[PDB]
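*Asks:* Sequences and hints are given; from them, build the entire structure.
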Amino acid sequence: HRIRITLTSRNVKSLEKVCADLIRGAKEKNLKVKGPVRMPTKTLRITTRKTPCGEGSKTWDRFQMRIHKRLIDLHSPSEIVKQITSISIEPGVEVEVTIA
Amino acid sequence: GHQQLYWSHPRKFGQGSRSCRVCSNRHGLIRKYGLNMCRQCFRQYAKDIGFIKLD
Amino acid sequence: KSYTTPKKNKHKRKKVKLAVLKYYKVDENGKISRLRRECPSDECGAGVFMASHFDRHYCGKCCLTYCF
Amino acid sequence: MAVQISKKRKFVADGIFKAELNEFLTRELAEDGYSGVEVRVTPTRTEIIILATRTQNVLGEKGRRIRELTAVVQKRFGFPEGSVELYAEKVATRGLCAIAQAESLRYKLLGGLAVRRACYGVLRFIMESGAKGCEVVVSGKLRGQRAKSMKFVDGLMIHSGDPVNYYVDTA
Amino acid sequence: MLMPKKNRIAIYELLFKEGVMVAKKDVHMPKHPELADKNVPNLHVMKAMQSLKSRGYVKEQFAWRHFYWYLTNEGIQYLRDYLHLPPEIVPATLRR
RNA sequence: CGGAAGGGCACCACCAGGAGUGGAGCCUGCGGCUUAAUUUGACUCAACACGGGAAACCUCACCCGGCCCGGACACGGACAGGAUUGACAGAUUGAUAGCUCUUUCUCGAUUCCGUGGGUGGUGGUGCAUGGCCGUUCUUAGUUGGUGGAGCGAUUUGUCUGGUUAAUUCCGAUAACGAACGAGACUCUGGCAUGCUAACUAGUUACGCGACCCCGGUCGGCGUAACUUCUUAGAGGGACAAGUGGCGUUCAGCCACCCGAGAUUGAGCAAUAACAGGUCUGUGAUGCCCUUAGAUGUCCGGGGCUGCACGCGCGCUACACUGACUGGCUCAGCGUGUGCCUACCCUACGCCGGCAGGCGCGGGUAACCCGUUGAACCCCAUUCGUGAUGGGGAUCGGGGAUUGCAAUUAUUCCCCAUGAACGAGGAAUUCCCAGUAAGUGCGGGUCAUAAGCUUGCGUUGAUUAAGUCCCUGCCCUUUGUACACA
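First to last, the protein sequences are chains A, B, C, D and E.
Each number in the UniProt record's numbering comes from the position in the first sequence (counting from 1) with 17 added on.
Each number in the UniProt record's numbering comes from the position in the second sequence (counting from 1) with 1 added on.
Each number in the UniProt record's numbering comes from the position in the third sequence (counting from 1) with 82 added on.
With the UniProt record's numbering, letter number 153 in the fourth sequence gets 153, and the count goes up by one each step, no holes.
With the UniProt record's numbering, letter number 55 in the fifth sequence gets 55, and the count goes up by one each step, no holes.
Just so you know, these hints were derived from the structure itself, not from any lab.
Warning: the hint list may mix true and false statements.
What the hints assert, rightly or not - Computed list of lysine-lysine pairs in BS3-like fashion (alpha-carbon distance at most 25 Å, straight line):
id : chain 1 : residue 1 : chain 2 : residue 2
1  : E       : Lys31     : E       : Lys59
2  : E       : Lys5      : C       : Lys97
3  : D       : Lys90     : E       : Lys31
4  : E       : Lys17     : D       : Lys75
5  : A       : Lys86     : D       : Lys75
6  : B       : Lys48     : A       : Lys86
7  : A       : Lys67     : B       : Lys33
8  : B       : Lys54     : A       : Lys59
9  : A       : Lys34     : D       : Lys7
10 : A       : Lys30     : D       : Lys7
11 : D       : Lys75     : E       : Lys25
12 : D       : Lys75     : E       : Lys59
13 : D       : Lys18     : B       : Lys48
14 : E       : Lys5      : C       : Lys96
15 : A       : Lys34     : D       : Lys10
16 : D       : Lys18     : A       : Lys30
17 : D       : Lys7      : A       : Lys99
18 : A       : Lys34     : D       : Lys75
*Replies:* Shown next, in the form of structure tokens:
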């Protein structure tokens, strides 16, 4: 009954639109909903030299990937979860649902 | 024979085991987060794998 | 380019015309004589023959040395 | 899952999966108007859609080539049988797709047309397609051994700042 | 080019049931990722389907590490003469 | 372009300074030398801890050697009475490479022998090129259409003046309408007890437990409210907005109140150009060269580190502001079990001084490391100006880890040896706010691995709010016998 849903997406507004969409979908069925827990993000720092050879001035890149994760807790069996999670999903968001 | 001297060198460690997955060179390899690809090929595909130069 | 040390030639493989004719000796009766041995190896029961070297017998491809 | 790698390695491996496919279809479907791919992640179903200009020319002999492209993903990436499927979809306003026009200019140069005359023929098509401006540069050696750089530019076209990442497309 | 006949008639059969098959560009590899059941050394098989191209029965494509062998319409009839298979059976990409 | 003039600007310039280098040791790269090879690219800014190049093999492109075709394909034979493959032995050898000499077994149209031919090349050519990067140029500059001028190259717009970091605007005006760039825009920082939310984050209360004399503490234990401390999302907030002055009173500028900010930092960045660098990044490549006794593949060893000398970036000291011995007490960026991949980060409990060795678990990661018990800092001894307990170069002996392999000491630990160096000449580098400087911690290269580099965090200032004096940059005028300027 204590089901965890993991919301990971690279885009900020692709994750933000689906994190509130599951709130709208679940509140129609009117069960116990926990709020979306905002946990600190992970950013991917890569710094490489711009010149393909070793000639010229020393300049460096700043290549980044910020990844965000949101956790929403549901107090429901898996029948309700399997219905809503198939509606309005976009490939930028990777959704992991844990029954336990 | 000839099979005993062709790939008898141990290549389970070091910089000779790893090479780029596009250029197959042994320099500038980004082993970080298991890209296993050189820095030079990292650039033209940086948008493709997904890094953005944000700051 | 030019080299000082002479090269190494290719090994001459001993091509034998009618090479199977020496394994058996034909007899006018209803029998066949096998001068060579029969290898007890698992991969080859009794058909594959073995080398008759100058020093001792040996079965070639199976890499199994036998001594008298 | 089996090896259960971290989420740091999960999104890194997805990017290389996208990047290797992007190198692949550029080298194989450029003659029939390849314009990009898009993955649709679903449980046990991996839908990847080939956004192509000429949808007629990519399906081939009764959809043989699309079925050929399915078997490539099955074997190189080790996906289970029936787990990944491919579709070809039409690209709206294909004149505004630079990678679709880059191979169009590439084949006009390769067909034997003049360097200049191939360049004008694309440019009045893309303003006919509704573009505010463009920049076309052909490098290399022209009319001799010495290298010359062409620059035949018209219209509104910016370079600097944030908007260049989504207001222009470069091939 | 003496990788023995036990290793041949499988890979044309392998190239028949799927018209295209993959291979990691790596000479020093005893096996295949796709064909992990048989020994089938990688370096000899690299010389197998390039000889298919050498008369012109197969195409070639590359993705950073990988030889891709798309069978041409000439290649089906070569497989019918070499393997003596009936003309009714078709590759999986020719069936829908 | 001017050692011509007038304006404006810059710590890759100065002023006033700070830390330094050059002075000593050591590390690293280059030149030179030498070697079989000490592979090579790069030589003012814009080469010299730069090719992410911290080379035992590989990397390696070099040398000494030794094997193989991985010469596909098309064509002439040779061929199943066999075209042709591997093989344990004796010497060969570096390897038990059938690689070769003797000597036979073995596979079976695949093959081998010649010609075209293709492949391979870290072979040459960046003064043939693609692509990428750097520099001109961090400056504010650059261009079209129409109209005007001149036969014309060209010019007006793109400006006399004011203002600005800005071709930033105001204002004039044979110029007008416009376009790139700057600005604008993206990320970060900072202020909101206002909104959303948290049992992988905590706070407050209840009830205990332990201790001390009702109260106090506990990373000791379970509960209900909350986001003040933890996180990230939507909004807000700052605009020269208000005031006093300067200014055509326009553009705008200075000061002050109020307010977390009355200039945070970085990204992006225009036209044209170098014959700048990269073919040794490529299954990017034109052309030239080799291709079977190969400039192709692979294996053993060496080398790229070699040392009369010079130079460049750096680390450690020359001490008492300190060295040593104890005790005390604080961080944030991050990262961590691999498609091939054979290799992760660590709690806790034992053995050994230590390097390290052995057991169990946790963590695919707000969960475990971790509350990251960091240096620095603070307190208390010894030393006593002594090349001294500064300093740790050189060097001897021993013990451990990774690796198939450490000798030319791979690294780590213990004892011992204890050099120069007493604040560094000519000359030269960087910087004005959490900045410099001091100091440690993450990531890269890593099997073994930071004197480098990339970020983070701690302690934390002196000086200056100006200038063209030098070095240079942007306009206007002027002159030229320069135009590869």
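*Asks:* Evaluate each hint against the coordinates.
*Replies:* Here is what the structure says about each hint:
For the given pair, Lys31 (chain E) sits about 23 Å from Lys59 (chain E) by alpha-carbon distance, which is consistent with the 25 Å threshold. This hinted pair checks out: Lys5 (chain E) and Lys97 (chain C) have alpha carbons roughly 22 Å apart, not beyond 25 Å. Between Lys90 (chain D) and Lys31 (chain E) the alpha-carbon distance is near 41 Å, which puts this suggested pair outside the 25 Å criterion. Between the alpha carbons of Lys17 (chain E) and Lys75 (chain D) the distance comes to roughly 13 Å, so the proposed pair stays at or under 25 Å and holds.
A distance of roughly 32 Å separates the Cα atoms of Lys86 (chain A) and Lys75 (chain D); the hinted pair therefore is violated under the 25 Å criterion. Proposed proximity of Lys48 (chain B) and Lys86 (chain A) is supported: the alpha carbons are some 22 Å apart, at most 25 Å. This hinted pair checks out: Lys67 (chain A) and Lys33 (chain B) have alpha carbons roughly 18 Å apart, not beyond 25 Å. Straight-line distance between C-alpha atoms of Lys54 (chain B) and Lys59 (chain A) comes to about 16 Å, which keeps the hinted pair within the 25 Å bound.
Under the criterion of a C-alpha separation no larger than 25 Å, the hint pairing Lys34 (chain A) with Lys7 (chain D) is consistent with the structure, at around 21 Å. Only pairs whose Cα atoms come within 25 Å are accepted, and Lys30 (chain A) paired with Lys7 (chain D) is accepted, the gap being roughly 19 Å. Taking the CA atoms of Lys75 (chain D) and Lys25 (chain E), the gap is about 14 Å. The hint holds against a cut of 25 Å. Simply put, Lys75 (chain D) and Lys59 (chain E) have alpha-carbon atoms about 17 Å apart, close enough for the 25 Å limit, and the pair holds.
For the hint pairing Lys18 (chain D) with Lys48 (chain B), the CA-to-CA distance comes to about 10 Å; that is within 25 Å, so the pair holds. Note on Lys5 (chain E) and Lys96 (chain C): the hinted pairing holds, with a Cα-Cα distance of about 23 Å set against a maximum of 25 Å. Note on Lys34 (chain A) and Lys10 (chain D): the hinted pairing holds, with a Cα-Cα distance of about 22 Å set against a maximum of 25 Å. Under the criterion of a C-alpha separation no larger than 25 Å, the hint pairing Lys18 (chain D) with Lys30 (chain A) is consistent with the structure, at around 21 Å.
For the proposed pair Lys7 (chain D) and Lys99 (chain A), the alpha carbon gap of about 23 Å is at most 25 Å, so the pair holds. With a CA separation close to 36 Å, the supplied pair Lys34 (chain A) and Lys75 (chain D) exceeds the 25 Å bound.
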